[PDB]
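Peer 1: Letter by letter, the chains look like this.
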Amino acid sequence: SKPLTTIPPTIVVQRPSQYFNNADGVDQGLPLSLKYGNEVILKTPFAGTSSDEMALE
Amino acid sequence: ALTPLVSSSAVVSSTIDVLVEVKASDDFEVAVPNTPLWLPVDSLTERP
Amino acid sequence: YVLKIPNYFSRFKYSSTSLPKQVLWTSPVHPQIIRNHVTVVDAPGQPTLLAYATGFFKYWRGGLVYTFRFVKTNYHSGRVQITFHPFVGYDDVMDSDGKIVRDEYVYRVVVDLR
Amino acid sequence: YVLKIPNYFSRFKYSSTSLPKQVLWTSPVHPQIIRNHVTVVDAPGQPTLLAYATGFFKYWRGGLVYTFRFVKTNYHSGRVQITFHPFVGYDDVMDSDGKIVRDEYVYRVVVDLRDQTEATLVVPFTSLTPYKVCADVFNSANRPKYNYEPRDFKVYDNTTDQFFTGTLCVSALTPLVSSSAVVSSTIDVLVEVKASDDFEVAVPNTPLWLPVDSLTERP
Amino acid sequence: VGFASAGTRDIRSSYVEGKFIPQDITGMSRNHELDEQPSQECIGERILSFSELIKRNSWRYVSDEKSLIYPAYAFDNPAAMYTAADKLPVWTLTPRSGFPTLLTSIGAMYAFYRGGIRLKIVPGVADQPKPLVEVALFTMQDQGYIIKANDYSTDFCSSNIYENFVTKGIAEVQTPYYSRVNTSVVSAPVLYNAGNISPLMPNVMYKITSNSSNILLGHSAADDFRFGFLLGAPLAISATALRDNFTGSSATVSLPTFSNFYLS
Amino acid sequence: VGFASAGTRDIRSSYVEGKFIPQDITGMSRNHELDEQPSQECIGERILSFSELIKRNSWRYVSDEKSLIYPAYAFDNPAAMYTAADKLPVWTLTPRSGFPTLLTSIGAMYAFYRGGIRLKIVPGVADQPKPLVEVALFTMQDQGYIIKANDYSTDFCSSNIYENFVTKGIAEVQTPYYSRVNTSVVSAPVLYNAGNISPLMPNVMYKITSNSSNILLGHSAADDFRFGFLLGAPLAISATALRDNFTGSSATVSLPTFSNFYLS
Amino acid sequence: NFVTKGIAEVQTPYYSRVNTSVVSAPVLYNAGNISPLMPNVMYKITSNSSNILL
Amino acid sequence: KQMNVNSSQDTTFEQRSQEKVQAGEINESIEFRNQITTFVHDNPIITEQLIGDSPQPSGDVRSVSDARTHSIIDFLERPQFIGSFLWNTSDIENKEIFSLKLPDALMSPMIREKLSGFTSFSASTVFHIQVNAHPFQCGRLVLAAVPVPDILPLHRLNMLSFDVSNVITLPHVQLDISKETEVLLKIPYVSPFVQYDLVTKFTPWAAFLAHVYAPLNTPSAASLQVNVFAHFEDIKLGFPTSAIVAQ
Amino acid sequence: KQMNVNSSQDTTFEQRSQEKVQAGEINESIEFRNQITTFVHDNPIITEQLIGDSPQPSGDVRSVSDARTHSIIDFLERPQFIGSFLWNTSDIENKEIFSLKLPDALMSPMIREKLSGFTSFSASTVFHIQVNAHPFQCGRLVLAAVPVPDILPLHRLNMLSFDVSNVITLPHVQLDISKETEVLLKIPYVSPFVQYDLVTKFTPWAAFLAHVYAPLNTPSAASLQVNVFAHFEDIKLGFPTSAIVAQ
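Residue numbers (the working numbering), protein chains in the order written: chain P, 25 to 81; chain F, 7 to 54; chain Z, 6 to 119; chain V, -15 to 203; chain X, 37 to 300; chain B, 37 to 300; chain G, 15 to 68; chain H, 18 to 264; chain Y, 18 to 264.
No lab work stands behind these hints, which were simulated from the structure alone. Heads up, a few of these hints could be off.
Said to hold, decoys possible - With a cut-off of at most 30 Å between alpha-carbon atoms, the simulated DSS-like pairs for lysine-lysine come out as follows:
#1 Z/18 with H/37
#2 Y/18 with H/18
#3 Z/9 with B/91
#4 Z/63 with P/59
#5 X/102 with G/58
#6 H/218 with V/138
#7 Y/112 with H/253
#8 V/5 with Y/112
#9 X/204 with X/123
#10 H/196 with H/112
#11 H/18 with Y/253
#12 G/58 with B/55
#13 X/204 with V/-12
#14 Z/9 with H/118
#15 H/118 with H/218
#16 B/102 with P/59
#17 V/-12 with P/26
#18 V/83 with H/37
#19 G/19 with P/67
#20 V/-12 with H/196
#21 G/58 with B/102
Said to hold, decoys possible - Taking CB as the label site, the calculated pair distances span:
#22 X/161 with B/291: 43 to 51 Å
#23 V/75 with B/43: 53 to 61 Å
#24 Z/111 with F/21: 46 to 54 Å
#25 F/32 with Z/17: 22 to 30 Å
#26 P/33 with B/92: 28 to 36 Å
#27 P/33 with B/164: 35 to 43 Å
#28 B/291 with P/30: 46 to 54 Å
#29 V/83 with H/30: 34 to 42 Å
#30 Y/45 with F/21: 37 to 45 Å
#31 X/250 with B/295: 21 to 29 Å
#32 B/180 with P/33: 46 to 54 Å
#33 F/17 with B/67: 25 to 33 Å
Unchecked claim - Chain X is nowhere near these chain P residues, computed Cβ spacing over 12 Å in every case:
#34 25
#35 27
#36 28
#37 29
#38 43
#39 54
#40 61
By construction, the Cβ of each residue, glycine as well, lies at the ideal position given by its N, Cα and C atoms.
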């Protein structure tokens, strides 16, 4: 069967780069890896420490 | 060679061929698929 | 499956003329093992299955299996040694006389052929 | 429902004159069974319901049911045989004398006609490929000229085998005998075809047939 | 079951209803028993009804009017002429409401129908400054159920839908059955006097307006549509043979297809 | 397990099936036992099958026709010529159906395939007034399974998809296997007489139409696609060597890539 | 698409031959694109815009 | 019916059990099947035999019958000596000792006689290559299989003739004449066609080839015969037809 | 051994289990049978196949294979149209419509192709004589069987040609063209030879004959075709041989 849609409309917001300047949010970039979800693990220790060398503290 | 390959020349050739084959082991792995090194062609001839 | 298919890629000779410690054959350990195009003389050549298949990727790692088939009779007799020299190219496994050097330092298989 | 409706598509004769082993009729087994346009003489012709309906698809497979209606009296007597010859075109089921050949090798129904008047059987799908193609007309001319005509299944080879499974054939075992003092010596035999339970069509795309409200000769 | 009989046994309804079951020439019914493997391995789908096919859209007519009155439920097909006479085009087609579509081609096998239909419109030009298309239900009792350029300037308060050729590209409409009866007649006759009140078809037409100089119209069955009372094969000609040119005159027949329409 | 034997022991299937297990030269199997740390720390993924790679799209052919008939399931690769003679271009490629893609390059290692494929189209020009692209299933039995400009004006009621080069930019299509057999032949031979009915490939092609003067076509395997019966390395040349110009003639070989296509 | 969206957004995997790369490693003439000090991967960017800001 | 009838049906009252037929005709008639022929009789028949008829007792034939039985499948499974090919010291790496198409190479009169009457057949195939070298000779052969040889792309067939490396990647088995006496390769039936077309011969599903892997190596010129035995297995037959098994 | 081996035996140590042989030779070797050929190997062998080898699945062939199966016995049991013989109003009592030797009359190419490879065979035989007269014609035929026709005393064969009374005493069945549509006679295999010699053809075990019992009786001259269908049953095959099935 091919019924008529009954889903109601959704208002949308066109955006060139959402979260461009944010530390957080969800990036919308297109990945260049073969697996879309490619990601490397968080290595600990790294560079000789188990400490977080990027923390302001 | 640790020694020469010896044999009686009255009955066998004094030189033999040794063939070598290679293949991947269990842990073989490849990564970063992108522009291939080899391009398949349907024929390859000398251009006149 | 694909990378475990056998790739015949080289051959050499062994004879009554070979000398003790004489290097009979060498090969760099990597997967871009190539063959010659028969109808044309380009330098790059023709890839083996292993080179063609791994050629779709820029990186590789892992063990490589080598099989040596000695085409002989039961009346040929000799001992040969198969050695692995990590971090050395083929000009450096031999001295100026084509004799292998520093073989006490490497993994080695002494094969008795009868 | 649609493909199981009967399609009258052919007729032949059987008489006191028919000879033992004489092929009386043949038909290629496939669904693009066509008829003649009456008001116009185009080569392609008019499709039967079966050809029109299956014509909306490029592929077909399945059994075809054939019914033979012998229009006779109880005073006509004769035996006829219905045979299925997969992988052979109609020129090859007969020899140069119009006599059937190699009939020991095929599925056969020997029909005794005295009081009996009808025979129905299913010809099962017999193919090296799961699907056959519903035959379109072919160009009898050389491009850039186009003159389309219906395909002729006289032979089963690589230029025809993608469309049909072979040939269904009716041959006489004896002449049809009867007393000429009371009955006609020649009878008509009607043939109908329709789909079996497993008939199936696939790949619907450009239809083979285009419906028109009228068809006349252009002056 | 028996290959032969004295008297008629293979009766039209008995076979379709499964009461008469013919025997396989091989004697093993398994030889004509359904096998699902082929469709699952080779095709990827299995079509069971023409009900499925008519829900697929196909092109019906090309209009060169910016505002048009179009006979929505008219399912007639073109008149055709054939000739093998020298230098004359072999085939010629003369449409009334349009060319054949899956909807009208399948429909030509039946006498009746009921239910709604769908309309699709491709623009010859998507005019940026005036990109809208309006499809309106047209009900004037006076209008003949035929194609006609819109000359009405008083059809206020109609049921209208708007689609945008620039932001979307193709207009999509669904038309309710809106019939005075529960059984309509496929390709019912339309007459001079007639107007738009005959009970043989829904008394409803389309009024299509846009700023595109040309549009390509297509249709299909809506989800509640059905054809009824099978008649048989309709009068038809080979579609492939329309390329015939053996008379020396080049073929001039051209069906409304996207490629024919979009390029000149 | 033992480094040597009297008689053949390393048998093709026994090794791949894990029945023959060669010994590590060091005697410690741990030295060639899988380590997952490298891929997790350095790569971010771990590819296990060519099945994954062929699902990635790559460019196959550039057309200069607005309406084209294209051989969907033709997986042939170009003919190549080489020379080191003075002033002649070192390498020359002559395509039939197109240039090599991941689909056809991986496919060249096998004899058979089954399943559907996907098509991607990049427009040379996204024409605002006529922005649509149509990709239609093409089934005429008469057509040779080769690339040809569309001359047909009678292929009504085809299966069509429409994409918009202006609102989207790239056309995306999925093609069902639609085969008469369950095992097709990679790069089966296409002949003069042939037409579009050979059982060696799905009897289906594409008819592509748009108002862009040029288009770039690409493809990949659909989710139900598979290659079967490994043969080995196909005849091949070094892709990097195509830049060779040592004969004094400048390299003239150019593969269909987006940058080559979009800029002149 | 610069017209329907306006800004291109990409994510690049580490794709490195080692697990520790060197910030501003030295690039040389001979070098090429195989040094272990950085992922052996670069970008090829193409559009019909005469200028772009990365 | 001791007429070894596969099935029998008196149809005299059949017309009386049709739902849409009323007062159906009672017509003496009988239908019976014998293998692929069905006799549809439209009147009484008489079936006679010898008084006290008894088929020939089985024990009577022990003097000539084989305790083993033989059907069509059994015949197709019989090993056949397919050919004897020359291999000599002058042949170099990859020289082709033979290339045999399937079925073709096994279509002897014995096989053709038994396949006659069928549209087609499919089967796995087992090939044996045998070489009898004496102990002072050495060398090596490869027996490989390639699918649908007549429709494979030319580049592939050429690769096989150019370099034995492309033969070694195929399904294959190697023969060391100083170690093994014979070597076997079994290949299942694989093709776009579900069975091989005996009528149009359209397309041999595979070919077995034997190439020199390492040359016959002896002190002076010599030659050996490379023999081939083959037989079918996992046999599947087609449909009864009058079509000729093509030459 | 997935090489569909009928039997297999590693014989390496066989010489070590002979009672009168002491310190027997240990000799690597293996013997295996495939249908009628046994391979006796005198060294190691390698048996290879495709990686993960699987024979063609049965479902793949339903599009062409017959759900019914066909063996050699099945083929020999197929009804065959043996001949169409003329019978007309001028033929008098005892006129011979036909006389067909067994097997001879059934040795069509289909039967010969399937018997090829056997020394001989024996079988019961069923003959059908069919006549299609219209209701206003009357007459009567006798279908009879006589054993070992080529070696029977001449007086007996003559008696059959002299008087239909000597045909009626034989195993036989009668056909009344106004009452029965067809008539069948089944004869078991009976002969001094336990099976029929396909090689030397020495001696057909029987002959079926049809003679006019009462002439075709019609108001004006007429003729009818007397048709014969036949097939074998209770089939017993001989022994595998290379001898030719004689023409």
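Peer 1: For each hint, tell me whether it holds in the structure or not.
Peer 2: Against the structure, the hints:
For the given pair, residue 18 of chain Z sits about 90 Å from residue 37 of chain H by alpha-carbon distance, which is inconsistent with the 30 Å threshold. Using a Cα cut-off of 30 Å, the hinted pair residue 18 of chain Y and residue 18 of chain H is violated, with the two alpha carbons roughly 45 Å apart. For the hint pairing residue 9 of chain Z with residue 91 of chain B, the CA-to-CA distance comes to about 23 Å; that is within 30 Å, so the pair holds. As the CA atoms of residue 63 of chain Z and residue 59 of chain P are separated by approximately 16 Å, the hinted pair is consistent with the 30 Å bound.
For the hint pairing residue 102 of chain X with residue 58 of chain G, the CA-to-CA distance comes to about 47 Å; that exceeds 30 Å, so the pair is violated. Between residue 218 of chain H and residue 138 of chain V the CA atoms are separated by roughly 18 Å; this keeps the pair inside 30 Å, and the hint holds. Note on residue 112 of chain Y and residue 253 of chain H: the hinted pairing is violated, with a Cα-Cα distance of about 50 Å set against a maximum of 30 Å. Under the criterion of a C-alpha separation no larger than 30 Å, the hint pairing residue 5 of chain V with residue 112 of chain Y is consistent with the structure, at around 25 Å.
Of the pairs offered as hints, the one joining residue 204 of chain X and residue 123 of chain X is violated, with about 45 Å between alpha carbons and a cut-off of 30 Å exceeded. Only pairs whose Cα atoms come within 30 Å are accepted, and residue 196 of chain H paired with residue 112 of chain H is accepted, the gap being roughly 21 Å. A distance of roughly 20 Å separates the Cα atoms of residue 18 of chain H and residue 253 of chain Y; the hinted pair therefore holds under the 30 Å criterion. For the hint pairing residue 58 of chain G with residue 55 of chain B, the CA-to-CA distance comes to about 46 Å; that exceeds 30 Å, so the pair is violated.
This hinted pair does not check out: residue 204 of chain X and residue -12 of chain V have alpha carbons roughly 44 Å apart, beyond 30 Å. Proposed proximity of residue 9 of chain Z and residue 118 of chain H is supported: the alpha carbons are some 28 Å apart, at most 30 Å. Between the alpha carbons of residue 118 of chain H and residue 218 of chain H the distance comes to roughly 12 Å, so the proposed pair stays at or under 30 Å and holds. Of the pairs offered as hints, the one joining residue 102 of chain B and residue 59 of chain P is violated, with about 35 Å between alpha carbons and a cut-off of 30 Å exceeded.
With a CA separation close to 26 Å, the supplied pair residue -12 of chain V and residue 26 of chain P stays within the 30 Å bound. For the given pair, residue 83 of chain V sits about 39 Å from residue 37 of chain H by alpha-carbon distance, which is inconsistent with the 30 Å threshold. Taking the CA atoms of residue 19 of chain G and residue 67 of chain P, the gap is about 36 Å. The hint is violated against a cut of 30 Å. At most 30 Å may separate the alpha-carbon atoms for a hinted pair to count; residue -12 of chain V and residue 196 of chain H exceed this at roughly 67 Å.
At roughly 29 Å between alpha-carbon atoms, residue 58 of chain G and residue 102 of chain B fall within 30 Å of each other, so this suggested pair holds. Residue 161 of chain X and residue 291 of chain B have their C-beta atoms about 36 Å apart, which leaves the hinted 43 to 51 Å range violated. Look at residue 75 of chain V against residue 43 of chain B: about 59 Å separates their beta carbons, and that is inside 53 to 61 Å. Checked against the given bound of 46 to 54 Å, the beta carbons of residue 111 of chain Z and residue 21 of chain F, roughly 27 Å apart, lie outside it.
Taking the beta carbon of each, residue 32 of chain F and residue 17 of chain Z are about 27 Å apart, inside 22 to 30 Å as hinted. Taking 28 to 36 Å as the suggested C-beta distance range, the pair residue 33 of chain P and residue 92 of chain B conforms, at roughly 35 Å. Separation of residue 33 of chain P from residue 164 of chain B is about 26 Å and departs from the stated range, judged on CB atoms against 35 to 43 Å. Distance hint check: the CB atoms of residue 291 of chain B and residue 30 of chain P are about 48 Å apart, consistent with the given range 46 to 54 Å.
Judged by the Cβ atoms, the range 34 to 42 Å given for residue 83 of chain V and residue 30 of chain H holds: they are separated by roughly 37 Å. Hint check: residue 45 of chain Y to residue 21 of chain F, Cβ distance near 28 Å, so the stated range 37 to 45 Å is violated. Between residue 250 of chain X and residue 295 of chain B the C-beta distance comes to about 37 Å, which lies outside the given range of 21 to 29 Å. The hinted range of 46 to 54 Å is satisfied by residue 180 of chain B and residue 33 of chain P, whose Cβ atoms lie roughly 48 Å apart.
Between residue 17 of chain F and residue 67 of chain B the CB atoms are about 43 Å apart, so this pair departs from the stated range of 25 to 33 Å. Its beta-carbon lying about 6 Å from the closest one in chain X, residue 25 of chain P breaks the requirement of being farther than 12 Å from that chain. The claim that residue 27 of chain P is not at the interface with chain X is violated, since a C-beta of that chain comes within 12 Å of its own (minimum 5 Å). The Cβ of residue 28 of chain P does not lie farther than 12 Å from every Cβ of chain X; its closest approach is about 6 Å, which violates its non-interface assignment.
Separation of residue 29 of chain P from chain X is inadequate, the least Cβ-Cβ distance of about 10 Å not exceeding the 12 Å criterion. Look at residue 43 of chain P: its CB is around 26 Å from the nearest CB on chain X, clear of 12 Å, so calling it non-interface holds up. Against chain X, the non-interface label of residue 54 of chain P holds: every CB pair exceeds 12 Å, the least being about 24 Å. With a minimum CB-CB distance of about 28 Å to chain X, residue 61 of chain P clears the 12 Å threshold, and the non-interface call stands.
Hint violations for this structure: numbers 1, 2, 5, 7, 9, 12, 13, 16, 18, 19, 20, 22, 24, 27, 30, 31, 33, 34, 35, 36 and 37, all remaining hints satisfied.
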